[PDB]
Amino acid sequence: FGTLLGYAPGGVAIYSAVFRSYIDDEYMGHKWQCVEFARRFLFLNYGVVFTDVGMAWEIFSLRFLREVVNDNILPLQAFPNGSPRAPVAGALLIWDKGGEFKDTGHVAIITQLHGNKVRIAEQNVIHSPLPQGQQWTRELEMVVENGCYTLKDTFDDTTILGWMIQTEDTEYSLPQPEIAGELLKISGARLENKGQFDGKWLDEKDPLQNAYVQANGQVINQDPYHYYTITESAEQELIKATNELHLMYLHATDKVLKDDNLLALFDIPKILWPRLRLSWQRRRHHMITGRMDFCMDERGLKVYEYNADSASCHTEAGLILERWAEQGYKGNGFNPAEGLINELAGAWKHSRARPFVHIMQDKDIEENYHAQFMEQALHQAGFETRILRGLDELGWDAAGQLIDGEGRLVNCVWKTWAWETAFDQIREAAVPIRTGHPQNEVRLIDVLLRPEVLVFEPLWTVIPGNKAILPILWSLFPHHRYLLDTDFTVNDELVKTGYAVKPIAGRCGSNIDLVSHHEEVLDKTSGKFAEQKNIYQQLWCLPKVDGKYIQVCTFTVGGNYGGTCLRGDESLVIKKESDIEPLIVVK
């Protein structure tokens, strides 16, 4: 393991959790699989990288590479084995899962084309030192007949999907694989009632679970004997979409922070602009968790919003639903969010956070278990926490430093508070924060914006959590399959489709108005944000399944998929009071 075997062109080493391979703070892969080599190769040689993928064969489905130096997105065309499009050096070559590559699939780099052969460089095929100075691992027979190009693999039971090239030229290239509507259908299921949820099924021995009870009782939803399922094909679409939209959202965030006209649309205090930028530039890789809201049904997959600032439901999807399973599911399926705690613990272990982080939650019994759920992650990652319930335990020394109750310094914190809240305190000649007070009255903004404090999630995360970014995403990725047309007005095309009126910095499902392509108000909610800037997002009603509208939620943990959860409501607009609906992935 790890023995250096040789080098691909340009001098890219080839070898045979704590195996994460990074070059700077860019994730190359897992040591030392086929994907890690192809990614690193592309990263050291062309400054580009493809998004996270579970299996190597999932690569052949991407249609874009990211250019790191400027978070720019480039077009990547795919080509089937046997194409007029010739397989040039440096192109990605992918294998479907099958034979030698049972389930994984495979990927390598074409280092050199010939007249009757081709040389590829790759990892996890060869585990022996290569001959002095030879920069390739295998050769593959190529058949050039009638302008068409075919590659023949050295194995006898492996399908080669094709090669890929980063180019605008779409000629000879195939279309982006589109998933079957049926495979995306959500459908109800039921457990056999043997009184499995008739009592204290939630383990009250566990402090975390018990905190949940204190805030919600022994309840997940009205009927715990009923649950829903999604095909394992859907979860994969969910993983494709989550990872892909995650990059999109950042590509737009960077785009926003690069032009005062675009940033100006978010109504953030103009005094926080330079700080937004600086935060983006040095904490771009420090985001920890996020939740994406989707509509999923036979029509396809659409994104409503990306709660990137401060999300929740982690405890529910990643702990309670597990208990529910362990308590009453005897099937073969699985909870798409089972390993959320670890995913998070992972993200924390690699976050440049201080050894001792203060957890800042509000004095709401409902946040208690959320703060503790996260504290579990931080503790699993080896950090020291101290859960601050409200701003009362906070104070300043004589000089002006932030100390907690025990009297220690507060320089690193993970908040439950949304940044827009601290923003509010500003909207009343440079970030006005107190550094001392006769009564020691410390405020939220007096902590989160104290330059010396390391906050999670980062400041810039409020750009992607703000809806003013949706119209921008549309502008940059027009007619993208997961996107919904949204604008800061009701344009001609929207007036025609119907739309959702939404406050740019709202949440909980507040002040949302749903108008049809007719005139009628399909549904409306109240809220505290009825006075802020609204956006209008193309309508796209939630699917009703077994008497409840259902919205799919995935989580992002450090940029990548972290799980899926369900949310149901008797009405079209999911709200804070909505129920969590058990979900079980099936194949």
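Numbering follows the first chain given and starts at 1. We call the rigid core whatever largest set of C-alpha positions still superposes within 1.5 Å between the two forms. What changes on going to the form deposited in another entry:
Comparing the two forms between these two forms on the rigid core, the single residue of 478, 99, 181, 405 with a CA shift of 2 Å or greater is 99.
Comparing the forms between these two forms, the C-alpha position of residue 127 differs by 2 angstroms or more, with the core used for superposition. Relative to the superposed core, residue 552 undergoes a Cα shift smaller than 2 Å between these two forms. Core-superposed comparison between these two forms: the C-alpha position of residue 115 differs by no less than 2 Å.
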The other form holds:
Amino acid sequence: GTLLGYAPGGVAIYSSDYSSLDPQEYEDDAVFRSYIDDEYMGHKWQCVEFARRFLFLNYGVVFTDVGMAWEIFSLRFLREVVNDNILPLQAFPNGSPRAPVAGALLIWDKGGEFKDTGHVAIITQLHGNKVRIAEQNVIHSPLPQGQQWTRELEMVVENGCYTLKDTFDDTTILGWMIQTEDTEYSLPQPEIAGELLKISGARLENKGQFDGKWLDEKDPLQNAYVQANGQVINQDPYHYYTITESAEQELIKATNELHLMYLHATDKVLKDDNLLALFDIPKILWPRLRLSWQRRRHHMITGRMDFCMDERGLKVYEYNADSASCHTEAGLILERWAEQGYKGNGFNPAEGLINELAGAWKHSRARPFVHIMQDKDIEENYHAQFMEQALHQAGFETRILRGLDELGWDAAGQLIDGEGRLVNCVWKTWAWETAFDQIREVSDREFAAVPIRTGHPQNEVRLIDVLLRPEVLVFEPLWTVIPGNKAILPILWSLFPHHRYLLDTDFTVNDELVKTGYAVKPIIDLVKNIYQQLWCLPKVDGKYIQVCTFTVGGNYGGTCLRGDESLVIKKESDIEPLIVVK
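May I ask for the structure of the form deposited in another entry now, the form deposited in one PDB entry having been displayed?
No partner chains or extra molecules come along with it, only the chain itself.
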């Protein structure tokens, strides 16, 4: 790219002339990711990337990384990065009585000059009747000296209403967005047609594509997967499901927003002992759990959100931020599946998974050498190996520890592995709860802190002795156990009452819950517990399908489907092949 100049605040404007590139460079997709310290801004040097980066550097906020600029007009919040605050963002149509202001996002719908993507610019200066903007991927030649705008648009005020005129004539300006609590004159948030949220069944032409060994056993990752499952993804590989590109766009927005909503709920829980007590976490760990949250809220690498998605809308059921899995099936096995038998133009929405994980690890505070800790269990073998691939791609060295036998302490009481190498950075497949169970009887009135071992007769190291060791940096962080506990659903609801992605939930039976019908779930019959309005999964080609999204560093990492003949998906229920289509 080329530096064209700077918008106010010292924000660089670049040319995204992919032309001057050869396909050999474009093989490493890390060179296209624009970052400011460890915060992903976007793709060099797109319009969306300039807008996030400008808002980030000048105000410390960003907005959900939607695939196309016209999509921004449907967002109703900006994310304050340092504390993850959700700030209200309003939309105003061109011709609005709400005049455009300095710093507003100016959005173009698709069409004309901005054909299929629409566009975004930042309004940088109000020069009387002209509206100066800065933007990327429109101008590609250096700007005059000292000019800190890319284009100037004329604004007309007639009858208390404001109308901007583009410099192009076949385009359509949707309007401007202002971060404010005032909703006067604002557009109500667009609602996706329910029909586009329907999950459809599909069938491949059966030419025996999957009759033999379609996963390669020689690839240790795929063979490890085969050792735990066989040459199998689902019961009938010729059957798969599709969702619309619009549904995926909605899943991408919901994933990002819900992540921030869960962090707010987690913070509300952690600030009140009466709420925290509902999560069944040993009191003795409370100070460390709180400590973890205060300093590592941004250190979560990956999680998984499960939804109910059909013509009625999108509803979250759960968010496992601690021990999420299914990454291998969705990011690797489904790719081989598509390769082997799919020939349409759609795509597997979890295709970008590995790359996204690598970026998270590269921009984390992990140590150079990461010990991967898994249980001696065949499914965990491939999950651990899939993550090891992402770690290596990001530049880390690793050692996989199966069970706890090779761990011991050195003469100074520091944990070491089998090669006598100090252990101080762990990525685990173990659920934290497994570690909690080892000290569930340690009273916080008797002990000042957890009496973990630092030496032992038979050099016997327990899981809890490594995870709670101050010198060991653990992923996922301790605080991640909060999100997945159903005790948080009533809290999430009180913080965002009647949110389009939430289900009415409470600790008591409301009058809303009686009229609506509700499920009683223990901290599971249908009608101390939580009560939630009923909202069962759609049944599609003989199975109840649940839509799942992966979060990676708090952002969307892809989507996959889980299906079952029962109305209740279990951890053993199958991943089903998913293809996103136009």
